[PDB]
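Below sits a lone chain in structure tokens, taken as the form deposited in one PDB entry.
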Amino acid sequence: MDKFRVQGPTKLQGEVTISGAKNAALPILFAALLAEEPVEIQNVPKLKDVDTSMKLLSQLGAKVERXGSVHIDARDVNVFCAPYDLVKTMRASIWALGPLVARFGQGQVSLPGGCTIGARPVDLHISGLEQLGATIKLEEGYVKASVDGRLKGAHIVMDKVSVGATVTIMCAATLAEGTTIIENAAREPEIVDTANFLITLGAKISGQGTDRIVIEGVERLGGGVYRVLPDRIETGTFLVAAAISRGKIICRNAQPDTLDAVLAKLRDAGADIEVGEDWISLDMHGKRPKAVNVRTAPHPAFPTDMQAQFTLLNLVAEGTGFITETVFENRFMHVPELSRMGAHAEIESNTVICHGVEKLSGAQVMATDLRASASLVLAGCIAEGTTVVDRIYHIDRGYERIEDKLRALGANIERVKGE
């Protein structure tokens, strides 16, 4: 079991180049199952989930390869049951279902894996596909969908906002007969990116980025070339790294408009932030950040994917701040671990009350999920002494070369293989 051994304290400062969004690359890779011509996807991060997705697509019969850019030729896909081992290791696998039923009339996928930060049901994906005409049966952990002929467009009012289900419905709708209107659609930047990728292939979609997406189905999608947008969560993670470090960082290959809420909160924490067309700089001017109150919610509000990181920020900030997590019900797994490092926090229902301390102490901590793992590594960088983060495999799912990137900022980190 690989771990990260981190020696602190170290001030993280310098520059970092942001990789493509984990969460845009993934839905785009699965959306490629709809493509009847080859596609080249550029700026795809080298992440465990991307590798898993490529193997999954290959096992469905698509020709897949990469390198910098990922190439997919799904013309001859001929297997419609996603392999269990690949499906259970990440959340993104659920996205193989919609394209398979929309293009081939059938698809079978086991319930997905991914961070265990909640029960994470897929009822909205199922309900959406059923509204488009699919028949779905759940048996022995597999979601089995089928339709005789094409799906048919429908006016779907999502009764809960969901990033993943919005993607499932939007992608499947592109091959349906007629027009689909998705109400209460998730507005995340990755939904916009996925929609634009689909449009590149010939899909007819509008409203992406708003609560109402309209899709006019077409007979078939072609191919194309598309570059994935920057990872806003990786960007926020490194901005937080600089903030808690009382340092400065410039993030290159960034997309500032995907982070309005996060940047505003960092300014509230005392950060001096500037933005360019494709970069973001943060400078603490050597000052300890000020605690902030945060409430997570769907985009454009503060993202749940930055919650663990801001929990860390508050725990070393001046004063008391709270973070209310409204999106997932089991996303405070990092709190007990940070407490092992000297943090002062109390959990009250869906809110963590943080009381910042001057400095954390190194300790043996356990990564419990993706964003928690990144938060513990950052904690290790600023803590006094040695920190060992166990089960760091979690970090490889969403951060490309975080070890190298942190080292370039001044971190003393070593990946230790086998205890």
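Numbering follows the first chain given and starts at 1. Basically, rigid core = biggest C-alpha set you can superpose within 1.5 Å across the two forms. Compared with the form deposited in another entry:
Superposed on the rigid core, the two forms differ between the two forms by 2 Å or more at the C-alpha of one listed residue only; from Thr116, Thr324, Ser339, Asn253 that residue is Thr116.
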The other form holds:
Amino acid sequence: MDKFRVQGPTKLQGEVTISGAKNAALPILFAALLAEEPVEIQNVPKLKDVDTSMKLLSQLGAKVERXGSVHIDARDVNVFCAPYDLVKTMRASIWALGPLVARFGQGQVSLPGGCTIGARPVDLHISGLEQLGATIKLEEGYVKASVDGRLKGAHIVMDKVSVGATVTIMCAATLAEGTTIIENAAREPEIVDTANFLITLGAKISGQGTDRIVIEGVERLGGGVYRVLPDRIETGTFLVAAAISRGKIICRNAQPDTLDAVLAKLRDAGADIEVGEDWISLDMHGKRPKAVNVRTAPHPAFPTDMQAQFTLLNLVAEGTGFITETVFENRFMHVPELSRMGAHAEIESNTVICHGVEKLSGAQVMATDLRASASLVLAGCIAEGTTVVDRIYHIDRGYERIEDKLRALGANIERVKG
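Return one more block: the form deposited in another entry, after the form deposited in one PDB entry shown previously.
For this one, just the chain is written down, with no partner chains and no other molecules.
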């Protein structure tokens, strides 16, 4: 059980290079199952989630290897099943379903069970597939999909906004007969990145980034080389690290147009922000941040992946501020942990009410969320004394060497094998 020993208070300042988007690398690796030629994905972050992706790819019969790039050879895919052991350690595995059925006419993926942040049904995934002409059945816990011949382009209108389902249907449609039109699709930057990867392979897609996506099926997909976009959540996390420590930072290898909502909130907190074509600068001017009000929602609104980070900001800010969660109703585990550190907060339903304090106190806290838990590490950096963050394996799933980056910012952080 690895742990993070953190020494505070520490002023976070200097520079950081942003890694490739974890949430773009993932769908792309799964979309590779469609490719008939070798493919090279560049700028992929070194993190646990990518490893599990590779492991799955490999079991399916693909030839995989990695460094900064990931090499995938999906010519010999001979097995069509994402087993219980894998899906349980990473619900995103569900992504194997679509490519599998669109290409081999068959696909068996384990039905994801309960997750600690809230209700996570995949009804939209299954539903979208059926509309494409697939027959789906549930046996032994496996959602079994099949289709005689090829999928059928269709007009699909989405009940609710879903990053996962939009990618499942989008991918499966690239190999169907005719035109598919997804209505009420998710606009996430990562979906644009996945569509772009698809086009590079010979797929015909338009509308990515808007509520309407149009796919024109083709008989086959080739190979190619593709560079994954910068990680917006990583970028936001570092910007916040500087904002709560009264420091200044420059983010290198970034994509500003991807953070409208987050940047706006930072300004409201009183930060001095500048942007270039591939950089973002943040200066607090020695100032303590001002409380802000946030409301999570699908892109381009404020993202739930930045939620715990902003809760932290409010917790050490001047005044009272609220954060409402409309995507993951119960994504609040971090709050009680921050409470062990001296934070003042109350949770009313799906809203956390924050009362900012001058300073936090080191304590023993526990990570549980691959993204939200980074807030515990950030708290450790500015808290008074020593903080021990337990179970960082969660954080290893979502961040590429977060200790190294923090250390280069002035943080007193250590990884122990106790």
